[PDB]
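Using the sequences and the accompanying hints, generate a full structural model.
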Amino acid sequence: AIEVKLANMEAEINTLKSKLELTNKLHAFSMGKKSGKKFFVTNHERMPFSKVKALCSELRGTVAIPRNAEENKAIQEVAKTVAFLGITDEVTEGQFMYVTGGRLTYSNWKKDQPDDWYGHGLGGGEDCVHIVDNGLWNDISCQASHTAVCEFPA
Amino acid sequence: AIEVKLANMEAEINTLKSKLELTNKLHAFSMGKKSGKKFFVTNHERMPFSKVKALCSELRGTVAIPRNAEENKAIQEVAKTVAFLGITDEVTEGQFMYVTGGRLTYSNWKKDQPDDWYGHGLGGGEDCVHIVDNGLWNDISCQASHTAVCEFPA
Amino acid sequence: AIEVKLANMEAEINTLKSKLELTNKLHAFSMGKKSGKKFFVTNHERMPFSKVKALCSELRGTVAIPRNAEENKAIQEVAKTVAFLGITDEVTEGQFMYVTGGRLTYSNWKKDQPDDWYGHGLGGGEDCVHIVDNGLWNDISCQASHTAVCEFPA
Ligand SMILES: CC(=O)N[C@@H]1[C@@H](O)[C@@H](O)[C@@H](CO)O[C@H]1O
Ligand SMILES: CC(=O)N[C@@H]1[C@@H](O)[C@@H](O)[C@@H](CO)O[C@H]1O
Ligand SMILES: CC(=O)N[C@@H]1[C@@H](O)[C@@H](O)[C@@H](CO)O[C@H]1O
Ligand SMILES: [Ca+2]
Ligand SMILES: [Ca+2]
Ligand SMILES: [Ca+2]
Ligand SMILES: [Ca+2]
Ligand SMILES: [Ca+2]
Ligand SMILES: [Ca+2]
Ligand SMILES: [Ca+2]
Ligand SMILES: [Ca+2]
Ligand SMILES: [Ca+2]
Ligand SMILES: [Cl-]
Ligand SMILES: [Cl-]
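Chains as they are written, first to last, in the authors' numbering: chain 1, 73 to 226; chain 2, 73 to 226; chain 3, 73 to 226.
Honestly, the hints are just simulated from the structure, not real lab data. Some hints could be false.
If chains are identical, the list can't say which one is meant, so a pair holds when it fits in one copy or spans any two.
[Unchecked claim] In silico EDC-like links for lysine to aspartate or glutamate, alpha-carbon gap of 16 angstroms or less: (1) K105 - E130; (2) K97 - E130; (3) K152 - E75; (4) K106 - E130; (5) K105 - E117; (6) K91 - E130; (7) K125 - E162; (8) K182 - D205.
This is the structure we're talking about:
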């Protein structure tokens with residue numbers, strides 16, 4: 073009966089994997105994931121950039137990144153407040169890179185930005201980026217606290 | 073002792089099956105499932121009727137079908153926008169059927185509806201049904217795009 | 073093969089435990105849970121207090137309890153309507169205790185409340201509590217039906 077039990081166990085585990093996969097698809101759908109599109113999610117909590125990265129990473133996701141107007145819109149609609157984006161120029165001042173690697177292609181900066189401003193007193197300039205209400209971008213200090221928005225694959 | 077190891081693993085599996093069921097109930101609850109009532113959910117995506125059916129099927133659910141005043145209002149509030157219902161007369165004009173079978177019973181038509189309007193100059197007349205923000209019903213082209221709402225058993 | 077197959081299943085089970093934990097974490101995150109803080113969830117259903125208690129228990133949570141003004145507002149924002157709180161004076165009239173045990177360490181009683189009113193005609197005085205307008209408290213009949221709001225640990 074040992075082999076029969078082992079064979080049933082494999083079947084129990086497989087059925088469980090299948091149901092968990094279904095749970096995951098249903099949750100993404102209920103959270104607004106559009107067919108074939110990447111989806112964004114937030115808990116509406118503000119925190120320094122390093123905390124957003126750590127949080128999304130814990131969720132097996134990454135800090136939200138707009139690759140085009142459509143996604144930029146989706147992120148602002150999900151965030152409903154100023155939120156960090158997975159874009160920074162910490163590695164080399166002036167050159168913005170996606171946290172997941174690579175130079176910035178699409179951009180949607182506000183007029184007169186980025187400006188690596190120091191007048192905020194949080195020490196240093198501005199090497200992180202956040203999306204404001206109207207969808208335009210601004211470089212801000214990575215120490216500032218803004219809404220955490222994580223992104224999950226299409 | 074393999075038999076002992078196997079028994080303990082079976083216990084672990086049973087615990088995970090209970091935890092996953094708990095996850096499922098908490099999620100249904102968080103998305104508004106009322107006790108002893110069917111559960112309606114949407115990702116707020118508009119799409120032709122053919123896709124709504126496909127998406128809901130992939131999630132092991134069906135296109136939302138209101139069977140009474142209670143459910144009509146519940147679905148209304150979930151969609152929050154004009155959404156398709158699982159009702160069609162595609163087969164035989166004038167004979168609206170439930171995507172899951174049977175002739176239409178409960179209905180909440182808007183004054184002058186159905187009317188199988190062809191004036192939309194798209195394709196045929198109107199063989200699908202959607203709910204307006206007012207909660208009423210209207211037959212519409214099955215190729216128009218409206219919010220996708222799926223339903224799960226009570 | 074047997075022992076090799078069994079070892080693999082231990083790995084399959086452990087992998088599933090981690091994936092389900094990740095799923096639970098993302099869901100709490102999507103339901104608004106803030107880092108290191110407890111969170112509240114509701115399906116927006118009104119029901120008698122005993123129903124609320126049994127339901128939250130089934131979800132492995134407890135009936136929502138404000139421990140401070142901060143949490144009191146949180147509950148108020150999630151419920152959006154009048155909701156029951158996990159506080160009652162059923163054991164000893166006049167002394168409200170947390171359904172989880174212990175005397176109140178924080179209260180936000182409305183003026184002229186608690187009054188253990190009998191004029192409601194449901195029978196008995198008022199031994200339960202619900203948060204009303206402005207986030208203020210009022211003792212109400214446990215027989216009355218109000219929004220179910222459950223609490224889960226930080
Ligand atoms: C939220 C925002 O845009 N903040 C910017 C700040 O980063 C800096 O550029 C400053 C220049 O004086 O202007 C501010 O408006
Ligand atoms: C949303 C809605 O009701 N659309 C209807 C359309 O289906 C068709 O019946 C047309 C004929 O006049 O009238 C419109 O108002
Ligand atoms: C919803 C509410 O506050 N109900 C209270 C009721 O509990 C009782 O105290 C009554 C006495 O007159 O006053 C009402 O305002
Ligand atoms: Ca720099
Ligand atoms: Ca910079
Ligand atoms: Ca700036
Ligand atoms: Ca027809
Ligand atoms: Ca028709
Ligand atoms: Ca019509
Ligand atoms: Ca009493
Ligand atoms: Ca009392
Ligand atoms: Ca009272
Ligand atoms: Cl910085
Ligand atoms: Cl009572």
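Against the structure, the hints come out as follows:
no. : hint        : verdict
1   : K105 - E130 : between (20 angstroms within a copy, 14 angstroms between copies)
2   : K97 - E130  : between (19 angstroms within a copy, 9 angstroms between copies)
3   : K152 - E75  : neither (55 angstroms within a copy, 53 angstroms between copies)
4   : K106 - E130 : between (23 angstroms within a copy, 14 angstroms between copies)
5   : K105 - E117 : between (20 angstroms within a copy, 9 angstroms between copies)
6   : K91 - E130  : between (22 angstroms within a copy, 12 angstroms between copies)
7   : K125 - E162 : within (14 angstroms within a copy, 47 angstroms between copies)
8   : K182 - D205 : within (9 angstroms within a copy, 36 angstroms between copies)
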